[PDB]
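Got chain A sorted already, so can you dock chains B, C and D onto it with the hints?
Residue-level listing of the chains:
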Amino acid sequence: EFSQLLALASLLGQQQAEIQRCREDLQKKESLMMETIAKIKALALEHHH
Amino acid sequence: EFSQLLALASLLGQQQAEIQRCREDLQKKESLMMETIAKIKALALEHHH
Amino acid sequence: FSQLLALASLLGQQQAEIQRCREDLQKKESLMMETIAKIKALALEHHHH
Amino acid sequence: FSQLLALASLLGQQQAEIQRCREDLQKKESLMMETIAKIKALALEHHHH
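Protein chains in written order, with the working numbering: chain A, 186 to 234; chain B, 186 to 234; chain C, 3 to 51; chain D, 3 to 51.
Bear in mind the hints are in silico, worked out from the structure with no lab data behind them. Certain hints may be false.
[Stated by the list, open to error] Listed below are the simulated DSBU-like cross-link pairs for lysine-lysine, each with C-alpha atoms no more than 35 Å apart in a straight line:
| no. | chain 1 | residue 1 | chain 2 | residue 2 |
| --- | --- | --- | --- | --- |
| 1 | B | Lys226 | C | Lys29 |
| 2 | D | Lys40 | C | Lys30 |
| 3 | D | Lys40 | B | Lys213 |
| 4 | C | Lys30 | A | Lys214 |
| 5 | A | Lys213 | A | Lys226 |
| 6 | B | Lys214 | D | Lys30 |
| 7 | C | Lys30 | B | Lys213 |
| 8 | C | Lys30 | C | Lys40 |
| 9 | C | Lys29 | A | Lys213 |
| 10 | B | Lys224 | B | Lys214 |
| 11 | B | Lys226 | D | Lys30 |
| 12 | C | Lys40 | D | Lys30 |
| 13 | D | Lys29 | A | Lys213 |
| 14 | C | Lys40 | D | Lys29 |
| 15 | D | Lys29 | D | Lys40 |
| 16 | A | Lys214 | D | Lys40 |
[Stated by the list, open to error] What the simulated footprint calls covered on chain C by chain B, stretch by stretch (three residues with Cβ under 8 Å from a Cβ of chain B suffice, anywhere in the stretch; the number is not a length):
| no. | region |
| --- | --- |
| 17 | 17 to 31 |
| 18 | 37 to 46 |
Where a beta carbon is used, it is the ideal one built from N, C-alpha and C, also for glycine.
Okay, chain A solo, but in the shape it has when bound:
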């Protein structure tokens, strides 16, 4: 009866927990790139002025 729905709700929780881990990694790599961007900004400043 309600078996179809319960299985999809169970899969949903695994999907979300998987997506939430992917969003974590995505943001950790995003922060790492901004560190690169900042290094380029620092050299740009030192020379433009």
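Same frame as chain A, but now just chains B, C and D:
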């Protein structure tokens, strides 16, 4: 000289800060939906068993 | 009639709002990535004098 | 030659990895949303007996 790059780095920080606020709201609405999903799961359980 | 009817309606509203919010976010992420590509190409220009 | 050259190379690597990670994430978000649509349509089916 380095003016073109500095302006884009300045815009980048505003974009990211804007994206990070959007990701916050997106996840707050995501958590609110799972609360709805859980309410449906609870009724499914009570009836299937 | 049911409580399922109200729960499904709320779910459909929350998921329509989330998808609209997500397409909004992805356009911003895509515009932020263009800025980074602009910064990278600008860094390469200067190194080549 | 320069330090810009190495910084731009690292930026190009980090942004290629981020975009690949993001397209990965968006396919998962799209698959999660299909599951929610499945749950919603299943809730509506049962309410109509």
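Here is what the structure says about each hint:
no.	hint	result
1	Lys226/B / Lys29/C	33 Å, holds
2	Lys40/D / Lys30/C	29 Å, holds
3	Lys40/D / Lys213/B	22 Å, holds
4	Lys30/C / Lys214/A	17 Å, holds
5	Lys213/A / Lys226/A	20 Å, holds
6	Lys214/B / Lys30/D	17 Å, holds
7	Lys30/C / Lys213/B	18 Å, holds
8	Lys30/C / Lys40/C	15 Å, holds
9	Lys29/C / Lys213/A	20 Å, holds
10	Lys224/B / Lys214/B	16 Å, holds
11	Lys226/B / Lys30/D	22 Å, holds
12	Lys40/C / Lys30/D	29 Å, holds
13	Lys29/D / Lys213/A	19 Å, holds
14	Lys40/C / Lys29/D	26 Å, holds
15	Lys29/D / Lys40/D	17 Å, holds
16	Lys214/A / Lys40/D	33 Å, holds
17	17 to 31	holds (count 9)
18	37 to 46	holds (count 6)
No hint from the list above goes unmet by this structure.
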